[PDB]
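J.: Each chain, written out:
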Amino acid sequence: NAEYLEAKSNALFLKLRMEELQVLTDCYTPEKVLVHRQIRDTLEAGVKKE
Amino acid sequence: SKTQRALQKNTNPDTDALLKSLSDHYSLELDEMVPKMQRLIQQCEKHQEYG
Amino acid sequence: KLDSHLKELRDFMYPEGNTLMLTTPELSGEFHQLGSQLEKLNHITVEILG
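Residue numbers (PDB author numbering), protein chains in the order written: chain C, 254 to 303; chain D, 565 to 615; chain B, 499 to 548.
None of these hints come from the bench; they were simulated from the model. For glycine and all other residues, C-beta sits at the position ideal for the given N, C-alpha and C. Certain hints may be false.
The calculated label-pair distances, taken between Cβ atoms and stated as ranges, are [as the list claims (entries may be wrong)]:
1) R293/C with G548/B: 29 to 35 angstroms
2) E514/B with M597/D: 16 to 22 angstroms
3) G548/B with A260/C: 19 to 25 angstroms
4) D595/D with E297/C: 54 to 60 angstroms
Straight line, CA to CA, 25 angstroms or less: simulated DSS-like cross-link-like pairs of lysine-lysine [what the hints assert, rightly or not]:
5) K505/B with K600/D
6) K573/D with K505/B
7) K261/C with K600/D
8) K566/D with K505/B
9) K499/B with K584/D
10) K499/B with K268/C
11) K261/C with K610/D
12) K584/D with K600/D
13) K505/B with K584/D
14) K566/D with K538/B
15) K268/C with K600/D
16) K573/D with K584/D
17) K610/D with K505/B
18) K261/C with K505/B
19) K600/D with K610/D
20) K566/D with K268/C
21) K573/D with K538/B
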């Protein structure tokens with residue numbers, strides 16, 4: 254019983270982690286990453302001037 | 565003599581040996597199994613937070 | 499001697515006086531707690547996937 258409950262807990266945690274990483278791959282495509290970089294650079298230049 | 569013979573036939577395991585085995589088994593469960601289960605409980609709580 | 503052996507073994511097997519106990523009460527309590535926590539983790543997982 255102790256072994257079974259341990260195996261169940263580990264499987265649920267791995268499912269949750271897999272689904273998180275799949276969502277992150279869908280959100281940050283190379284095109285978007287480039288844009289996010291441009292926005293950073295403008296924001297960083299503003300923070301520095303102010 | 566009949567009662568002593570009946571005690572010897574029924575004595576595997578010796579009541580004192582049996583009580584010792586029972587006490588050892590009880591200690592083993594508290595030292596190994598109970599903490600393992602507590603660790604697993606704590607891990608589950610962390611996974612919830614990860615959720 | 500027989501009476502003493504009987505009393506010692508009985509006290510060990512019947513800790514709450516009324517019920518034959520096969521599992522360590524401390525352990526039985528932990529199994530229940532672990533089962534309950536796993537059920538909560540499974541809800542959160544289903545909810546996020548949904």
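J.: Each hint should be assessed against the structure and marked as holding or not.
T.: Evaluation of the provided hints:
no., hint, verdict
1, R293/C with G548/B: 29 to 35 angstroms, "holds, 34 angstroms"
2, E514/B with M597/D: 16 to 22 angstroms, "holds, 20 angstroms"
3, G548/B with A260/C: 19 to 25 angstroms, "holds, 24 angstroms"
4, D595/D with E297/C: 54 to 60 angstroms, "holds, 56 angstroms"
5, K505/B with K600/D, "violated, 33 angstroms"
6, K573/D with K505/B, "holds, 20 angstroms"
7, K261/C with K600/D, "holds, 15 angstroms"
8, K566/D with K505/B, "holds, 22 angstroms"
9, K499/B with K584/D, "holds, 17 angstroms"
10, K499/B with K268/C, "violated, 60 angstroms"
11, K261/C with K610/D, "holds, 15 angstroms"
12, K584/D with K600/D, "holds, 24 angstroms"
13, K505/B with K584/D, "holds, 15 angstroms"
14, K566/D with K538/B, "violated, 61 angstroms"
15, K268/C with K600/D, "holds, 23 angstroms"
16, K573/D with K584/D, "holds, 20 angstroms"
17, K610/D with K505/B, "violated, 46 angstroms"
18, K261/C with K505/B, "violated, 42 angstroms"
19, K600/D with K610/D, "holds, 16 angstroms"
20, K566/D with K268/C, "violated, 67 angstroms"
21, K573/D with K538/B, "violated, 53 angstroms"
The earlier numbered hints that this structure contradicts are 5, 10, 14, 17, 18, 20 and 21.
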